[PDB]
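Quick setup: one chain, the form deposited in one PDB entry, written in C-alpha cells, and binding and motion questions come after.
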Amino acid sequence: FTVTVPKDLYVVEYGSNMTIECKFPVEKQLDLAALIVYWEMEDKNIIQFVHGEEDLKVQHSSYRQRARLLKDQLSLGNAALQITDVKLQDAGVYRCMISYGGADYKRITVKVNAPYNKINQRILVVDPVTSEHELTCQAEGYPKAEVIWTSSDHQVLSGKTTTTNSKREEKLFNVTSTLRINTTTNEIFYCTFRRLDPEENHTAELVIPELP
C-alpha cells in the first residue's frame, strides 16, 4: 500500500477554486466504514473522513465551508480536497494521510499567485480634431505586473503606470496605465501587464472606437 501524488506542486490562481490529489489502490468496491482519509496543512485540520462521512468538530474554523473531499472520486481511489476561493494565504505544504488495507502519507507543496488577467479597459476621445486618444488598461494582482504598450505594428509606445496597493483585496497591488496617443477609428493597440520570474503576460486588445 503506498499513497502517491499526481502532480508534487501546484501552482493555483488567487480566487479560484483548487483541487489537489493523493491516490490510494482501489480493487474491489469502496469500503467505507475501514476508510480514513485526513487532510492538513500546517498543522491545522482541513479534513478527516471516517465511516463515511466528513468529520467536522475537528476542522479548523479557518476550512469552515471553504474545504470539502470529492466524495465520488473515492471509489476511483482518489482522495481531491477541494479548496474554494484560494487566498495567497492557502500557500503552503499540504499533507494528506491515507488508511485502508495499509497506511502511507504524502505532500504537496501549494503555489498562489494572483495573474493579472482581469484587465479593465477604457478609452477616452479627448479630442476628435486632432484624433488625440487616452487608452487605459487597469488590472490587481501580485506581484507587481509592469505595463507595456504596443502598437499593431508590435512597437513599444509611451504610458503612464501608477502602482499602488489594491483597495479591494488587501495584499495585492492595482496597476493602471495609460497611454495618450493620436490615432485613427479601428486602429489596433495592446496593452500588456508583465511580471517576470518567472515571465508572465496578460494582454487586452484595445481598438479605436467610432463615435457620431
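Positions refer to the first chain, counted from 1. Compared with the form deposited in another entry:
Candidate list 178, 113, 73, 32; rigid-part hinge between the two forms assigned to 113.
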Contents of the next structure:
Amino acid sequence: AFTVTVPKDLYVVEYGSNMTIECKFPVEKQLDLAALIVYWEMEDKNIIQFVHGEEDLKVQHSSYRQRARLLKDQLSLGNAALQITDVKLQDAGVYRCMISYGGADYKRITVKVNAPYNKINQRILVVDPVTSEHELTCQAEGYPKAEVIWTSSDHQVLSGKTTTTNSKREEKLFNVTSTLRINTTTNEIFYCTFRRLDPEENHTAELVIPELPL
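Any chance you could show the form deposited in another entry after that form deposited in one PDB entry?
Chain alone follows, minus partners and molecules.
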C-alpha cells in the first residue's frame, strides 16, 4: 500500500547546531496540496501540522514556536523535511512523521543530541608571587556530569577542587568548574581534562540473598 520511507532512522546532532530530518513519500505527478497532509511530532508534542496545503500553527507546541519549520520546496519532490534550529537536549528523542497523500503512513526517526565539554574557558591567577603559587580554573558545559582530571606536563596525577552545578542558561545542562592551587614556575604546562560519563542508561542487576544452605 502507500508507504512512507526514511533514509536515516538515526541522526546524531551536535548541541546548539541545526538538524534537518527527512521523510520520503511517493509522488508520481504534480503535488496536490489539497489532499496532502504532513504531521510531525515528538513525545506526544505537536511539531508540524500541514493540512490542505497550508501549515496549521494553532496546535503547535510552545517549545517549537519559532525554531521549527517545514521545507515547502522539498514537498513537491516527495520529501517531507523537518528543520529544527538551536537543538537542545530536550530535542533528543524519538520523532514521528505522518504523511497523507492518496493513502497514509507514518515512520519513526531517532534523534540523538551530543553535548560535549568542548567549550572550555580557562583562567590563570597569581595567588602569591613570593611562593609562586598559582590558581588555575577550567569551566565548561555539557551532559552528563563530568569529572576533571588535572595533570602536569609530566602527566603526574594532580588533585584539584571541582564544582558541578546546573547551567543557568539551559536546563538539564551541567556547569562544571574545577580549580587547582599549585606552586609552579614560568612557562610550565598544565592540563585540565574533562572526563564525561556514558550518555546512555546504566545497566543494573538485582541480587537477592537466598537461604543459608545446610
